[PDB]
Each structure stands twice: as C-alpha cells, then as structure tokens.
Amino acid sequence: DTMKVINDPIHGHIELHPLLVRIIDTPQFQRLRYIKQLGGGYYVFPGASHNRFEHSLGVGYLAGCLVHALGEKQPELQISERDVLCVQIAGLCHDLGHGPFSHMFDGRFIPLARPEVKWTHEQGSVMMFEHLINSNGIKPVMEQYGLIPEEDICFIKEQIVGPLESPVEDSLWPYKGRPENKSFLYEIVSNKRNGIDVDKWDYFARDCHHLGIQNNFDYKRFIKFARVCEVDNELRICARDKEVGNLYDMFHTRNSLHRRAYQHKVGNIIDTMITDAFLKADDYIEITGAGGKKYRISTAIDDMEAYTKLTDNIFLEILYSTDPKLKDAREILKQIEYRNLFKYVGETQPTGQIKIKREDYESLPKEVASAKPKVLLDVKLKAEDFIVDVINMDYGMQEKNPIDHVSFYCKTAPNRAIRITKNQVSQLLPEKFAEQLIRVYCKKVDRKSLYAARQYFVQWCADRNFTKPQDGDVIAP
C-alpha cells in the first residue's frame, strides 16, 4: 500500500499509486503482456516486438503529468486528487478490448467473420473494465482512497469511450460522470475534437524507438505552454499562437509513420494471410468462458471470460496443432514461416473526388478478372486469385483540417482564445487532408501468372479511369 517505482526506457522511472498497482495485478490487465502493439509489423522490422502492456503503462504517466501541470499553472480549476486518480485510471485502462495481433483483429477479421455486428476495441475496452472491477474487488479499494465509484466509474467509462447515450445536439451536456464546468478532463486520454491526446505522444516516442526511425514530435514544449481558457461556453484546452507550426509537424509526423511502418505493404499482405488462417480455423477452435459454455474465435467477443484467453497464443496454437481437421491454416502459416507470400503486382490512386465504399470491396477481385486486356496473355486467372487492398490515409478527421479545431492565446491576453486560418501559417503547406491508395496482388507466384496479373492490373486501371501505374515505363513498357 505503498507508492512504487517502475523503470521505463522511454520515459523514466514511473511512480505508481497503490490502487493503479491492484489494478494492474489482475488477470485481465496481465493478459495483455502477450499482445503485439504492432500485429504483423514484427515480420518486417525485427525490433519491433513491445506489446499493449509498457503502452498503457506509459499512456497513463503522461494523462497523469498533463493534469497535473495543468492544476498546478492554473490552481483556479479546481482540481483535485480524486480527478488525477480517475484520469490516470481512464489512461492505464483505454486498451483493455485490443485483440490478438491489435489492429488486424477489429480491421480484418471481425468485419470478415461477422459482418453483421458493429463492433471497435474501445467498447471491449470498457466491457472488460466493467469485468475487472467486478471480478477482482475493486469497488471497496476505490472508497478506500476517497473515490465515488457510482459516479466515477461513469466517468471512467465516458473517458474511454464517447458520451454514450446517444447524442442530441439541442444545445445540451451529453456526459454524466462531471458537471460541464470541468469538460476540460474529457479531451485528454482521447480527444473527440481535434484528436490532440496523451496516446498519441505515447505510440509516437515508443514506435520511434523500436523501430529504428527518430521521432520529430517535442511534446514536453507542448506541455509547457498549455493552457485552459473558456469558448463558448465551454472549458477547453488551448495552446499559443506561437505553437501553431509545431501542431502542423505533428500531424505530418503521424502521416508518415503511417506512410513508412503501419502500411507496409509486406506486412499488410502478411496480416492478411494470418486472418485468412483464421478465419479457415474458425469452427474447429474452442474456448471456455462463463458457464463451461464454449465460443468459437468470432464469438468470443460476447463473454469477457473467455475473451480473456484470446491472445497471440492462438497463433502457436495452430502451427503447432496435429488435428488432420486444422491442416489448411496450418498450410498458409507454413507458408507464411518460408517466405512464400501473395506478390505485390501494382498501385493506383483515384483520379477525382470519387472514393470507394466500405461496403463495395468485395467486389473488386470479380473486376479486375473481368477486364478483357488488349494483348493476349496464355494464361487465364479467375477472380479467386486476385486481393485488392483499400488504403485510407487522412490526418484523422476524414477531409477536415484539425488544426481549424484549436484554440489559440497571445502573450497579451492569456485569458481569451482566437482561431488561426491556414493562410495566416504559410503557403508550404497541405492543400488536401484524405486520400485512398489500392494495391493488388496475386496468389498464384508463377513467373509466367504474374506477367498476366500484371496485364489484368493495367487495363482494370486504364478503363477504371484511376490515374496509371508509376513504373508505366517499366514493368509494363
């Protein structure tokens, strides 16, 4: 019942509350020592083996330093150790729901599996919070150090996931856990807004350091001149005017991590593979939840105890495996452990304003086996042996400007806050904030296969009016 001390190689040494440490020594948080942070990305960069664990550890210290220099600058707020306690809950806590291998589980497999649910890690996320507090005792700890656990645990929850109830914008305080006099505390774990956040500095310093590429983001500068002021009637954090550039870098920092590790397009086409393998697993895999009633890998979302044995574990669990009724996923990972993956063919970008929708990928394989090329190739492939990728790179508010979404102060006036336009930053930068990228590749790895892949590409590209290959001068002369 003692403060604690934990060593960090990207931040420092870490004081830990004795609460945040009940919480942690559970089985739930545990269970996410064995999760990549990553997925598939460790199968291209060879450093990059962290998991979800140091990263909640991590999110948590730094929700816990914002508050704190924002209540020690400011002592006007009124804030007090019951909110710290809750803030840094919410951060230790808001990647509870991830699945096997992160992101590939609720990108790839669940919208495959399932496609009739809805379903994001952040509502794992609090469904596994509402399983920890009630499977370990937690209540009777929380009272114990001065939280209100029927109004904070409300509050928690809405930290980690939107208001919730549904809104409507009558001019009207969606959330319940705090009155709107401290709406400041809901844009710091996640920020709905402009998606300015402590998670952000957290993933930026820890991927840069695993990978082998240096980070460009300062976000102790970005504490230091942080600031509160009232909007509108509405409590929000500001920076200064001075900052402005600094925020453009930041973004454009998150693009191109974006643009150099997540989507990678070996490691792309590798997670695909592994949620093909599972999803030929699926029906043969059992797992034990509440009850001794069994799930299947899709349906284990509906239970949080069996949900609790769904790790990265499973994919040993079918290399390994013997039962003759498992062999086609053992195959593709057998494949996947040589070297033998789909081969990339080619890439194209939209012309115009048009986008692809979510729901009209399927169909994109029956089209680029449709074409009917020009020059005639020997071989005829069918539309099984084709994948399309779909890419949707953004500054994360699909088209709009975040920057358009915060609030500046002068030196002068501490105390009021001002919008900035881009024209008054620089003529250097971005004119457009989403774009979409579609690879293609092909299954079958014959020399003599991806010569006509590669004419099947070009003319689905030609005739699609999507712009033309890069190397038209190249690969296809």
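Definition used throughout: the rigid core is the maximal C-alpha set that superposes within 1.5 Å between two forms. Positions refer to the first chain, counted from 1. What changes on going to the form deposited in another entry:
- When both forms sit on the same rigid core, the CA shifts between the two forms reach 2 angstroms or more only at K366 out of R221, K73, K293, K366.
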Contents of the next structure:
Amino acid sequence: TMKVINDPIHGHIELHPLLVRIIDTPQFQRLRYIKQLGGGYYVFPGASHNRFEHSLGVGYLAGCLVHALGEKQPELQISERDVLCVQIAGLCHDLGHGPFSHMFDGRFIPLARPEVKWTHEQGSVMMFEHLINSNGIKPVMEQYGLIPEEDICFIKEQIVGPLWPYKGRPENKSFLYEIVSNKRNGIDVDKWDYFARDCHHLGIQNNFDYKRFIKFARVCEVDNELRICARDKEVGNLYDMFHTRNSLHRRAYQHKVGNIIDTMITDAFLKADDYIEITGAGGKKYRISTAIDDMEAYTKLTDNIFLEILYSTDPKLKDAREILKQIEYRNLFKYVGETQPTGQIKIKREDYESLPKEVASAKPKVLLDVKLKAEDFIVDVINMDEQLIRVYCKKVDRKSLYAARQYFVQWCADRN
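Please give the corresponding structure for the form deposited in another entry, as opposed to the form deposited in one PDB entry shown earlier.
Nothing else is written out below except the one chain.
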C-alpha cells in the first residue's frame, strides 16, 4: 500500500508502491553517499546533505504540481499514467553524478580525457537505462497499467532533450515536457527544490514561496502550443526569487575556498589515476577516469574514493596522500588574481590544459628573478550561468607570489 516518508523541507510525503519498488535498488541507493554541494562541505559545515532527499523532493514537487494543474482543468484529460511517468522522470533526474556531484563531471573528465564529450545528465540517462534493464521492474510497470515501450522513451526525452523532434507524446500534450526540465525558461521543480534545501541547510533565509506559484498555475493554448504561466501580479515573486538565486550563487557556489578545495580534490584524483583497479562487468578493470563508459563499475564509484586514497599505504600513491594531508592541514595554496573575460568567445572545455602552458610560456616584462615552469600553476574556469578564470600557484613564498602576479597580468593582457 501507500508509504509515508518525512523530510526537513516539505511535510510528510506519500509514495506510490511502484516508486518505492524503484527506490529499493543498489543503483538508486548509490546516491546515499554523494554530497549535494560536493566540495563545499569544507567551508560551510552545514552542507552535509546528500542527493537522495533532493531526488525525493524533486519527485514530490513534480507530482504535486502536475496533480494541482490537472485538478483545476479536468478538460485536458490527464490520466494517472502521465502523473506516474512525470514523477518517475523527476525521481531519477540526477543518477549520473559521480563523486561530489558537479566537480567530477565539470573539472575531472574534461581534463583526464579531453577528446571525450561527457555530461552528468547523459550518464544519468545511461544509469537509468541500466537500472531498468538489470532489476526486472518492467513486469511491475506493466502490472499497474503503464505501457513500458512508449513510457520508457517518454521518460528518456523528459530528462534529456530529443519542427518537433519529440516522439514520446503527441502535440496535444506538449506541456508535460517542460515540468522537470524547461528548455526556454530554466525554472522547474528541481530549481525550487534545491534552492529550498540549500538555503535551509546553509542558514540563508529564503524569499520564494512555491506554494503560491502552484496556487496560481493555469494552462491555456498559445500559438497552438499549450503553456503554463501564472498571473501578472507575481512579478514581485519572480524578482525576489531571482534575487535569491543571484545571492545564493554569489555567496556559496562561487566561494573562493570551496572552489580551490574542489581543485585540490580533482588534482589529487587525477594524480592518483592509473593505480586504482575497480571491478566491472565481466571482471574488466577500469581506472577512475575511464569508468564513465560502463555502469557496473560506475555503480561502485562514490565519494569513498577520496577517503580510500587518504587511508591507503601503498608507495605509489605518495603524492595523492601528501596532497590530501595538505588539505587536511589547511595549508591551502594561494589566490593570485582575477581575470578580465571580455570577448564573446567562450573558452572551450578541452582548451583548459593549454592554459597552464600559455601562462608559463608568457614572458614577463617587469624585473623578475625567479623563473617558474609550467608545472607550478593552476587555472580554473567558472561557468557563471559569464565565464570567470582564477589562478593558483604551487609556491607560497611572497617572492614567488610576486613573480606569479607578473606572469598573470602580462598573460591576461596578452589574451585580450
């Protein structure tokens, strides 16, 4: 029968029997040990939450929103099948994340294997496919009157993008595909869910109230294309929600210490590659930077890798252990300066590795005595959604910092 589960943000939540059947599986439970903020735990001790409750809340919000929208307009003929499909799509929307969520996808894979284009959402859809294939849930889905063949696709295109390429549901129900992932707006249930969770755990007071937005949701035909919007007097609501988004990003998501900590973690991970063997399908062994291409190995890849590197004794991981000890000792590198991103051009992901060579090869003009190689500089790209560039140096000496300042200023002007 129905099952009830609580949560700090929302109240008691009801779960469909099929949803709980999906939940109880190792692949989904793997989210139990991935931190929401990833590397932010080491600056704000309140960000101790995982992705499990995030997924549960996103699913609950999607279900409630769709039910409320369908209640007040019974002439759209929305069936329980649509509700279940959208709830399932929302529930498994973040299965592809690796250790610490964002950083692994955004800084590690593009650095270890530049020639491969990878995004955590593609990994999420691959993981969902493997999950549904490996656990025999399809007969259960058929039991509850839900057609597997079409609905599996429906979910697949609900989570990721496919003059109408969609092939899951005809145009008469085109308003469903923008509930969990809205292409032209970017505001969905996931947005509100993770905002609420982040402000609650960090301690920042929120300003938005999604319950009002649900209370004033209506759907009507626009250009032969059903759309969802609210009344015109919610301008203040939208403005304060966007202000909260900007404040949250500026305060937490771009904190200097958190990002440099993520940089240290990814440097330790990449330096320790080619020494860790992870069991995969058929006994095949994979590296941490290569496991992305298989799901059996990726299942056993979580935040535990960092701790495992920390508490190993093999002599082949000496550098990684030293870096991890240094972060634990709060002997954290140094910040030099900030860039000037001017050109409309965007630094392509696979061009990061060139950047240290470019900065090192740059010839300073000011009187500099110490010459530094290209192995003692770190540069990172921050995608503001603008692009920001920050620089860090291996050395901590004041004189070395002065030389690093000259290299950065000359190079920054050189690249316009």
